[PDB]
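Trainee: Chain by chain, the residues run as shown.
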Amino acid sequence: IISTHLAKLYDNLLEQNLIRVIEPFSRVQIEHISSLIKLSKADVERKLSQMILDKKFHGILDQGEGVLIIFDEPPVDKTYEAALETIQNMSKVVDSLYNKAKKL
Amino acid sequence: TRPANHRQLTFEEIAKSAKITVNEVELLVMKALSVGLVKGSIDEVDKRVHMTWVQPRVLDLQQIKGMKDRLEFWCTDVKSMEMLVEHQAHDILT
Amino acid sequence: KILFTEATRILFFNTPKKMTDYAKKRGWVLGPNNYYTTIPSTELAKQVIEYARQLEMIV
Amino acid sequence: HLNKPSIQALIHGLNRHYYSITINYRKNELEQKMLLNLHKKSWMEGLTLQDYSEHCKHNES
Amino acid sequence: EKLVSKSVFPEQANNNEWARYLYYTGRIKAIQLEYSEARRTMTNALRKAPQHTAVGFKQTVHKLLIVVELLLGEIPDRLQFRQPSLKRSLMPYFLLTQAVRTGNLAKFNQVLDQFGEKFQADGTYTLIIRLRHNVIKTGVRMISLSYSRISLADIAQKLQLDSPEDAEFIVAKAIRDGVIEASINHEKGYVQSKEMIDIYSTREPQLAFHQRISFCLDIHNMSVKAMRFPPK
Amino acid sequence: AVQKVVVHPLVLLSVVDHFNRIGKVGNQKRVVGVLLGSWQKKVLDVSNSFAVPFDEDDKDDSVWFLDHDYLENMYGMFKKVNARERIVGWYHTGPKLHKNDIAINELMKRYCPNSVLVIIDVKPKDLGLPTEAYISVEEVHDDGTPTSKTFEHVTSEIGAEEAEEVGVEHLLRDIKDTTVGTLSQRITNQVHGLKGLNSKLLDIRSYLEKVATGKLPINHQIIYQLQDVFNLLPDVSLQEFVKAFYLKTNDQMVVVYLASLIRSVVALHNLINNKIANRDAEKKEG
Amino acid sequence: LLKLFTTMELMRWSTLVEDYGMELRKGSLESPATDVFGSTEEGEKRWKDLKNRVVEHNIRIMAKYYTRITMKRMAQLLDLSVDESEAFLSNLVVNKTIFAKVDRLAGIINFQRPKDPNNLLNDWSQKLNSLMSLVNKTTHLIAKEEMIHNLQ
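Protein sequence lines correspond, in order, to chains A, B, C, D, E, F and G.
Heads up, the first sequence is in the UniProt record's numbering, so the first residue is 318 and it goes up one at a time.
Heads up, the second sequence is in the UniProt record's numbering, so the first residue is 283 and it goes up one at a time.
Reading the third sequence from the start, the letters are residues 281 to 316, 328 to 350 in the UniProt record's numbering.
Heads up, the fourth sequence is in the UniProt record's numbering, so the first residue is 183 and it goes up one at a time.
Heads up, the fifth sequence is in the UniProt record's numbering, so the first residue is 268 and it goes up one at a time.
Heads up, the sixth sequence is in the UniProt record's numbering, so the first residue is 5 and it goes up one at a time.
Heads up, the seventh sequence is in the UniProt record's numbering, so the first residue is 305 and it goes up one at a time.
The following block holds chain A by itself, in its conformation from the complex:
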């Protein structure tokens, strides 16, 4: 209960450091960020992959060239979220019309 809490604090500090760094960079070697953060390349790569997977930091990780890329996802999407749903909504409407078609 002190090892667990301190491990969680260490992970939180590592995440806070990693987001307070790489913020300048848009495409940075994992070797450089490992050197800057004073951690092993594999360890920091695993932490970065986990952080991306949890969606706690936007970006992608190109292991093919040992780089980390940063970007953002456009929020313009929202209209489709309405659009798509409306389509399925009127799908129901069409179904109901089919019943009326069975009346005729």
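Just so you know, these hints were derived from the structure itself, not from any lab.
Heads up, some of the hints might be wrong.
[As the list claims (entries may be wrong)] List of simulated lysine-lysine pairs, DSBU-like, C-alpha gap at most 35 Å:
hint, chain 1, residue 1, chain 2, residue 2
1, F, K219, B, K350
2, A, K395, D, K239
3, E, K404, C, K305
4, F, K33, B, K361
5, D, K222, F, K214
6, B, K321, G, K330
7, B, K361, F, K100
8, B, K298, G, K307
9, B, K313, F, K247
10, G, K448, F, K103
11, D, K209, F, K199
12, B, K321, G, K355
13, G, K448, B, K321
14, B, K313, G, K330
15, F, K252, E, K461
16, F, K129, C, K337
17, F, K214, D, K215
18, D, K222, F, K113
19, B, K347, F, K103
20, F, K199, C, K337
21, F, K83, D, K223
22, F, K287, E, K315
23, G, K419, D, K239
24, A, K373, G, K419
25, B, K298, B, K350
26, B, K321, F, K214
[Said to hold, decoys possible] Computed from the model, here is a short list of chain G residues facing chain A with C-beta under 7 Å:
hint, residue
27, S394
28, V397
29, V398
30, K405
31, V406
32, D407
Just so you know, even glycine gets a beta-carbon here, dropped at the ideal spot from N, CA and C.
With chain A fixed as given, assemble chains B, C, D, E, F and G onto it according to the hints.
Mentor: Below, chains B, C, D, E, F and G without anything else, positioned relative to chain A:
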């Protein structure tokens, strides 16, 4: 000398034309932008400068004729396409 | 960009001169080292005006 | 007799002491065209796009 | 085929008649090597066929659609092989399809030997032979669907083609059609596939959605035209 | 000084009536009057005007009469009726400025220091010329040129207050108006905008013709602004703006597809109800 | 020196030091030297602080006037080492002052969030309805020239 067809000019053109070394073209464009003459930007990685400048000059009556021809092209495009839109929308213009 | 010798091998043109003559027979040419957009705004403007028509002009 | 008298006028003496006279407005073409300029938009707003962010927000809503 | 090209099918035709015409012209273009349009027409026929009845018609159309899709290199969905009213009838076509997915020549030959009577009974024997020789094309389509870049020797090893040059010829022939979008590099051995650009911001969605306009506005126009108010 | 002149649709009617009234027999083709209105150090609006007995001679275009005492007397009457309006400037039709405009403006400068001329064109009302406002300025001609007077153009608008918009609306209400802009009127507006742009371009090209052949002297600020306009033209190449396709396709979906589907489905449902109601009536006919 | 820091344009560190070392570091006969730029420990600290300030003014001026600058080019332009220049730029942006997003080969000094389609299209639309400076242009065209039109 480049009528926006190729606004990107490489540092080689400025170096040769202005008879300056390619290291000082940065400072030259730097000064030009600072004093308000031009409002472009510099892409040093590809060695180009985007140019949107607002300093005009006297226009050399042959140059006035050339600009009048350009305006003729513009106005004929606008007229042709007004005709197109009118012909297409004739049903709804009424 | 396929090289001339491979074409000669696999085009079954056993005589290289025959292969070259067939290359001249087609627009597909030898090349130097033997190695053989815009926004239209016009038609789709017409499409949009067509939609406008189909909305108007009654049934 | 195309138009009917009002009650308010009728109690205040209409058709007893004074009669209403039909009123017609003499508007020639020139005056009407001149008045048309009050809201004649422009040759410009026919060509100005809506604020594209505002357009997207309106579409969303 | 000659009759079809010179005769225009009425658009106001009945649903059943449209489905029958679609099936017939699909069989035409299928036995006439126009596989892609044949498959499209057969799917369109299945859409307009009656849902409750027409068991035999749907069985025949499904058999032909299976054969055409297999010839195209695609794999028919397993769902159709599961409906009761269609299952046993398509059972011979099922054992066939598996072989095409595996490329097992012996399985293909055994299926043909044990089901040629049924195949001829519905007149799919010749197309099935063409499929027996297009199994390799199906395999190449799968390989290029999975891999982005791949050496030709890998193609030969995976497809049991017994030759790198033979694999090169086969992939070149397949990419000549619309089967595969790639770009062979004989200098090294790549079968590099075409870069997948963003379909958005490419005027393609505008074209598709314009077609969908044309359709929906057309539907609204016919609907508002067919109101047919009565006299009394 | 003034960055806008607002002309109410009553000085317009006053000018038109004055012009017709004179031109019954008054073939000078150009009449002069005085326009009053509320003054501002900001946008200036004009609300009333009157017509002074004016005469002009085509000889040398420098001999003319504007009855200044008549001006004073009408202004006295209007002040008695409505002291809120003060003399703002003078108007005259005949869209071609004569030579007296500045000179006459000088006479108006004594009754109003910032006297603005307002040409109110009567007959030509094709596209966009209800009125044009000018103000005299004190500069010779430019940095390095001889002396002149050089009226300056000021943006002019047409606007009405309440109880005057109602009169305009009532005189209107022909097949015109329809303030709600339906699709047909919007496309008509696009066509009108193209027409106006083409007309302006043709005016500029005519000026450039008259300059290139030497008929007109070179105006340096004119050429400077022409260069500015030509540089200001955007580029539809440069495949970063071509990604505008994106938003166009975006526009498409919300419009087109969704809307069409909904409209088409609603129409189809309306057809079902009719095809039912008709057979209901037919079966009842039983 | 002060005016040079007031205006825009670069600030070459080598030229600045070669032109002001004898004045800021040493003593002039007419004007006594500063006690703040001497050989004292705080003198050297303030000298390095200015070296940062000339570098930071440089960086800000590029962000206002550059789009993409090669790392080596930028490094020599501010006369720092590549690693130290990258570290300084990272410090600058991290403080949320000079917007920038450094790539290893691009070290961009701005190019704000590559104008999203909405922003870019709004920019283009504004440029278009700013071309209605034409209408003023033409109306003044007839106005200022009408008094020449009747004088031909």
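Trainee: It remains to establish, for every hint, whether it holds in the given structure.
Mentor: Hints, verified against the model:
1. About 15 Å separates the Cα atoms of F:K219 and B:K350, which keeps this hinted pair within 35 Å; it holds.
2. Using a Cα cut-off of 35 Å, the hinted pair A:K395 and D:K239 holds, with the two alpha carbons roughly 10 Å apart.
3. Of the pairs offered as hints, the one joining E:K404 and C:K305 holds, with about 31 Å between alpha carbons and a cut-off of 35 Å not exceeded.
4. Between F:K33 and B:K361, the direct Cα distance comes to roughly 33 Å. Compliance with the 35 Å bound is thereby established for this hinted pair.
5. Under the criterion of a C-alpha separation no larger than 35 Å, the hint pairing D:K222 with F:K214 is consistent with the structure, at around 31 Å.
6. Between B:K321 and G:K330, the direct Cα distance comes to roughly 41 Å. Violation of the 35 Å bound is thereby established for this hinted pair.
7. In summary, the hint linking B:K361 to F:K100 is supported, as the alpha carbons are separated by about 27 Å, within the 35 Å threshold.
8. Restraint check: the Cα-Cα separation between B:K298 and G:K307 comes to about 32 Å, which is no more than 35 Å; the hinted pair holds.
9. Taking the CA atoms of B:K313 and F:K247, the gap is about 33 Å. The hint holds against a cut of 35 Å.
10. In summary, the hint linking G:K448 to F:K103 is supported, as the alpha carbons are separated by about 13 Å, within the 35 Å threshold.
11. Distance hint between D:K209 and F:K199 is fulfilled; the C-alpha atoms sit about 28 Å from each other, no more than 35 Å.
12. The hinted pair formed by B:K321 and G:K355 meets the criterion: a straight-line CA distance of about 29 Å does not exceed 35 Å.
13. Taken as a hint, the G:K448 and B:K321 pair is honoured in the structure, with Cα atoms around 29 Å apart against an allowance of 35 Å.
14. Using a Cα cut-off of 35 Å, the hinted pair B:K313 and G:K330 holds, with the two alpha carbons roughly 31 Å apart.
15. Annotation: proposed proximity of F:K252 to E:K461 holds, straight-line Cα distance about 26 Å (limit 35 Å).
16. With a C-alpha separation of about 31 Å, the suggested pairing of F:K129 with C:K337 holds against the 35 Å cut-off.
17. Restraint check: the Cα-Cα separation between F:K214 and D:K215 comes to about 32 Å, which is no more than 35 Å; the hinted pair holds.
18. Of the pairs offered as hints, the one joining D:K222 and F:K113 holds, with about 32 Å between alpha carbons and a cut-off of 35 Å not exceeded.
19. The suggested pairing of B:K347 with F:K103 holds, with an alpha-carbon distance near 31 Å, which does not exceed 35 Å.
20. Note on F:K199 and C:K337: the hinted pairing holds, with a Cα-Cα distance of about 18 Å set against a maximum of 35 Å.
21. Proximity of F:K83 to D:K223 is assessed by CA-CA distance (about 34 Å); at most 35 Å being required, the pair is judged to hold.
22. For the given pair, F:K287 sits about 30 Å from E:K315 by alpha-carbon distance, which is consistent with the 35 Å threshold.
23. For the suggested pair G:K419 and D:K239, the alpha carbons sit about 18 Å apart, so the restraint of at most 35 Å is met.
24. Between A:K373 and G:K419 the alpha-carbon distance is near 25 Å, which keeps this suggested pair within the 35 Å criterion.
25. For the suggested pair B:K298 and B:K350, the alpha carbons sit about 31 Å apart, so the restraint of at most 35 Å is met.
26. For a cut-off of 35 Å, the pair hint linking B:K321 to F:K214 stands: about 32 Å separates their Cα positions.
27. About 4 Å separates the beta-carbon of G:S394 from the nearest beta-carbon of chain A, less than 7 Å, and the hint is met.
28. The beta carbon of G:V397 comes within 5 Å of a beta carbon in chain A, closer than 7 Å, and the hint placing it at the interface holds.
29. Annotation: interface hint on G:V398 holds; nearest CB of chain A at approximately 6 Å, less than 7 Å.
30. Because the smallest distance between the Cβ of G:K405 and any Cβ of chain A comes to about 4 Å, under 7 Å, the interface hint for this residue holds.
31. Restraint check, G:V406 versus chain A: the minimum CB separation of about 5 Å is within 7 Å; hint holds.
32. A hinted interface residue such as G:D407 counts as satisfied when its beta carbon comes closer than 7 Å to some beta carbon of chain A; here the least separation is about 5 Å, so the hint holds.
The structure is inconsistent with hint 6 alone, although it conforms to all the rest.
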